[PDB]
Amino acid sequence: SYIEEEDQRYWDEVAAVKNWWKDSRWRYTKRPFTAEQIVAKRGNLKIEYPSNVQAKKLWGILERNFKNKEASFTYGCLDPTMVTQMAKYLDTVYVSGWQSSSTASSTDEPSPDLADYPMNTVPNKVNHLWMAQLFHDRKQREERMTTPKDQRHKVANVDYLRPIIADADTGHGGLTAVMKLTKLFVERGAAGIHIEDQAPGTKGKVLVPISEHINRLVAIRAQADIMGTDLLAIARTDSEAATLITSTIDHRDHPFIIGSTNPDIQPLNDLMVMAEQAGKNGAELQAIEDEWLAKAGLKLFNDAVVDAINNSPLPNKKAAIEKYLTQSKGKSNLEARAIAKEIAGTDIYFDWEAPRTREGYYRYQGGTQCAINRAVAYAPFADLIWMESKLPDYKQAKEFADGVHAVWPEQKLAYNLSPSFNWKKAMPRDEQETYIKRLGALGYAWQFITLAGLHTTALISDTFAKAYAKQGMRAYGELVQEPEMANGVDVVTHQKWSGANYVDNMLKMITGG
Amino acid sequence: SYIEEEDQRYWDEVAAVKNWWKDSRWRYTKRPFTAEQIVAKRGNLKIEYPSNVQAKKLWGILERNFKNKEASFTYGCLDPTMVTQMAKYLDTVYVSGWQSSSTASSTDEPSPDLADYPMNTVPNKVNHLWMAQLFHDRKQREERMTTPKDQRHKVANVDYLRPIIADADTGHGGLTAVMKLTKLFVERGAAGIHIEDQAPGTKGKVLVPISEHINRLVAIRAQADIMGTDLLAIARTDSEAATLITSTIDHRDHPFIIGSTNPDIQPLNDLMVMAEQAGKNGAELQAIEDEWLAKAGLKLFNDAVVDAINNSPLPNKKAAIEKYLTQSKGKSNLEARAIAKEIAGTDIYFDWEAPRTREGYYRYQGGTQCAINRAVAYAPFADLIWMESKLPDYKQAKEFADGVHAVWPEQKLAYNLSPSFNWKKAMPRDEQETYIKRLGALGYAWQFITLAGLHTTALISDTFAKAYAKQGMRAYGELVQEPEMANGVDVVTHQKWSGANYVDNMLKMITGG
Amino acid sequence: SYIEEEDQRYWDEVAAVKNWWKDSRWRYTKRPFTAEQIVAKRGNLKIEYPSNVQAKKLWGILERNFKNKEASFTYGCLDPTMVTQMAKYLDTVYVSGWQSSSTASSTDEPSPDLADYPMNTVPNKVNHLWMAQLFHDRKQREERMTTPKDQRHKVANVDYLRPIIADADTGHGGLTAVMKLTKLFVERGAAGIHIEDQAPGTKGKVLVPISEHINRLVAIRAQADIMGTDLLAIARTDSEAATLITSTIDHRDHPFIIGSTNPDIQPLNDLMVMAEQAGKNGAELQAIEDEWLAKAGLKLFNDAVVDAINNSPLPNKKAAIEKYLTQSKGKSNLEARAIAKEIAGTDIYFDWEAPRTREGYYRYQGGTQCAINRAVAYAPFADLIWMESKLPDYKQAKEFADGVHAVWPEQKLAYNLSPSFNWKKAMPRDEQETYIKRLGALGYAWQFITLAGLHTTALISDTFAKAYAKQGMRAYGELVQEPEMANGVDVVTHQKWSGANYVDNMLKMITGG
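Residue numbers (PDB author numbering), protein chains in the order written: chain A, 2 to 204, 211 to 520; chain A', 2 to 204, 211 to 520; chain A'', 2 to 204, 211 to 520. A prime marks a further copy of an entry chain.
All clues stand as given, with none of them false.
Reference listing, derived: stretches of chain A'' covered by chain A, where coverage requires no fewer than 3 residues with Cβ under 8 angstroms from a Cβ of chain A:
| id | region |
| --- | --- |
| 1 | 7-15 |
| 2 | 48-56 |
| 3 | 145-155 |
| 4 | 223-237 |
| 5 | 506-515 |
Beta-carbon label-pair distances, calculated as ranges:
| id | chain 1 | residue 1 | chain 2 | residue 2 | range |
| --- | --- | --- | --- | --- | --- |
| 6 | A' | 48 | A'' | 29 | 52 to 58 angstroms |
| 7 | A'' | 283 | A' | 12 | 27 to 33 angstroms |
| 8 | A | 288 | A'' | 473 | 54 to 60 angstroms |
| 9 | A' | 302 | A'' | 29 | 39 to 45 angstroms |
| 10 | A' | 503 | A | 354 | 47 to 53 angstroms |
| 11 | A | 11 | A'' | 109 | 41 to 47 angstroms |
| 12 | A'' | 473 | A' | 503 | 57 to 63 angstroms |
| 13 | A | 288 | A' | 22 | 53 to 59 angstroms |
No wet-lab data here; the hints were simulated from the structure.
Heads up, the beta-carbon is just placed ideally off N, CA and C, and yes, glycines get one too.
Sequences are here, hints too, so could you generate the full structure?
Dropping the structure here:
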């Protein structure tokens, strides 16, 4: 009988996933799998994750911004003391892998920004702040509740539960790794996570095929789905600086890979290789590489093929170029290669493997075009898109926005505010106070200053410890105290803030009796 | 043959512990056990802990101060970014259990200052900073070494390896727990640790017998000894605020326990107890306790016994009191009780159990006298002594210093600088800049501002996030940037500081070839 | 408006705790606090813990046993491979602190049975198995679901979700520590936890006042209540072997503390103390202690007072003794002391402090009487009671059962099966096969063989590694293989069991498309 009992259950569990899938949340999400399959990877005990609740907040806050064409910003929170003041003012909290690389490795061994730290490192950072959020919410709700309704109106009401967003890196591995990383993240109170299109352990960026990454975002959703959570996926793309790619394999990456056009020169490897056999220090090598590249004349086929026309006694160029250009939109290389000849008449030479690196990587042409190119593909399996940008440039930002909005006019985008750019000496005050407001009107719903915490911190510690070493207790008072009091910092009141009355009344509660 | 082989080994290992025990380090340390026994708890594989090296630094720096009658200060470091700037200026690093209670629980569940967090919590904080110290020492030593000797003179030479001192709490348990906690601490790069005389899990302080704690310090040394490290033990004492004690048991705690002198009133328990049976909310209870205590007339025997004299038609009081006072110095209660009568003629009434608490604790009289009393006992099995002080008071500090220096003129003391006291509005600028210098001349070799990090942090985050929420990118630049640059903060240079060139050259090293 | 909004919420949250408190689960639980207070320690985000679901299973299975007067047993599971086979046959899983002390310390430093390891050690053991339970439930449910209903009837249906019970030790600290430990435990899938009446860090057992421990059980319930879970509390008691107690303080512990009756001998301390000052190695001390105790004539007042009668030319003893005996049932010592005289006529001498230990502990009289004495008190704030027993003794077990059943006829008890007793050579086969069945009829609903895993393991590894070192690959096959196959062990099929098809179909699910 269990069988008939058992199956119905499966079947009703299914009809529940799907009905869910009907949500306004999913209006833009494309699922390449079925409830039937999702529901089959599920066990007999349904666990409800509380981060889900947070995710529903984000969705909520991110969807008002777009419509209102406004943004919400934040910055990388380093610690609980921090997550604490931030809440008074900002509505999200961001967790950076750069920061955690420098202050939070589960193995406690620090490093420059590389995801050579263990997977859980960031998830763990999320738990770190999530737990304290819930904790400072109990402290406060206690305090309020043990206060005369007629007098609460005066008590604080800081919203400590501000949804968190975390750096998911590359996915820290393969398709399965990605899913584990997701679960971890959905276990420690993450409202949303983000993944890049870089190749794992390559740090001139080395990108990955479009398909592969479309595969991550999907695996990220398959999990969320099993765990039944509305997690926000966020797709970042490293094109605007990328210089390499791992495989010719993706049809859509062809217009962007650099081949060689000197059929008279050796492919690099053997040359480099030989030099390795037969001397050539380190440099020589680099030397020999620098020349070898300045000779090989590299371009993007489409360019090659165009060059070709322009040097042919062929008449009516434009008509030509166009045809080629026009006809070939979206086709494979092997293809374009065909149209080429038919058009031009000869066989343009093009070799995109003689340029490959020591590790066998391909020359790739990064850039806004590259960015929007992937972005647009990513767009269906992602909540927001982020074209990580080297410098705060409004035009680049408008193009990109604009570039993406053509295919998908309802896309939400996120932007990372330059911590390196010299904001004060590189743009007028007005241009500074509104920079975010502005991008926001382009549909940049979420923004953040990645390394803001590391800095605010570093700054203050150098200042203090310095004076301190100079004036002793005077500095504390001057630099530290008056301001604290003067500004009304929570923390000012030591113990209370720690959660003293809370514990207090607690024992009185038990001890009571 | 192994046997004869085996034994000699033991015996030579012994002669090595002892010879070590000869060190100038141990000139003031009293070992109630033998190399023979220490060396028996050791295994066949000798592990050399690198924290030992740090401890030898402290010893070194702490012993110059005393002789020079100067001090070194610090404050509670919260994180690696922090341990980083601090080093430029301060020569030690301190790790507080109050801070870690609020930002670093191995279980990630925060709390007010109680050691209800797991044992490793702080040890782990030590590893946290220790690892990064070694790391920023490699980064820097690399950089220097790959620089023309003729030009290093310009490169930085920050000493990142500044010895760490950690809050060991109570010992987080019993005698064995104490030893485990020690090992953990000696495993993660601790130069010195400190233990208090409070009872574990009682938070009006509840103290512990003098003997018990003399037992911790000893267990702390037994371990250090097995692990063969020069760890610095630091004994703190909670007398100046203590109000309870766990057992009449220690002979030396008698002069300090409060008994009752109203043979006409019930002991509290039953009364409280009954009230528990027969109604009396919560208050009543407290009420009934407040009265019961204001009636029972409590004092310290010696006082009682003195009172007694003063109300006797007995002539020649002073002669009397004195005798009693004089004769009894150091004796047990049961004893004094004897002298009493013989002297006075009656049986003074004194009951130190009718006042005991719900949990069976004894009324105890905290205070400087109490402090120096224990301190002086602790003095033989400890490196420094710390009479944790509520308020920055120079007279209290001189007495205590002075109080301890009588028995032991060569004692090193540590002092905790008040984070709560309103330094700026409570003492003249001169009185502020020298406060430490001064205590230092009393032999307060190590000083620190316990909750300095939490604050410097909190402060800065409220300030930033606030403006930020107001002026966007303008704030970063204004509050954050210019200063950073303006002041020359390490961190300013993002990546370099992360350890980028280091990793860089590393791969070039391998990849090299 | 929020205020009026805010308050109602509190008030409806309250009416929900209480209504819950109405459950058949709580029919025997006594709450010395209010929903009003519980609900005030709660935050604004309700987290539903999935262990709760497990607890509802236990309740369920434990309440059928009692009524049916049957039992369910288990033993200490060491690992996930283990939790795995156990499920095929047993219906609960137990986690021992003795085992985890020897194989699972969060700091990885092993030790004999002492809770000197960090708090989370066991909670963590629970997560360890809980996670894998859910995991082997997904693997299996997948497999079944991707199988023709007409053919599932053949597929396995092992219930991997068997409720877990964990050793909570003493509470690893004070009242707050207890609550943290509880939360941890309720976070990692614990169905029930157990706490003892020993004093933390004393390992001849050193007990704790009845009140203190009644305080733990309560704190354990206060938490469960906030976290809103039906956790099962289980009170263990160390009387039958106890030899000490920390404070005279509990009224009900009086009938059990041993005082002295030789008004002519010194209290121990000073004597021991002196000997410490003035020589007396280690032994002497022990010597001097052994004599000092054999002279001091110790008994339990009530005995003393009785002795007294029997040596009085007082006529009509029985009438006397009785009166005393009868009248005094339940009274304090100070009290009994009163009745005494009035009855007898003299002042019986009795001093229960001259016997106290070096650490100030009291002589206490362990034993079944002691056991039932506490048990009966614990009974109101606990789910099951466990009088930890040295040896499998049915009479002791019937008395105890019986002893407890008088006050509370509906009490559930747990019993720990002796791993040390020589079962095979100490009792007839019949007496062995039914031992559990039998206790079960006394109302011993849950039973377990504490160190069963450690053993089954140890056994097998010595056997294998031995032969192995002797016959190489032959042993594997002989000792290991055939049996595995011969018996049909899950694990036999390597990968499948690992969760291979599960992952497989997973990628096919994504990769699919």
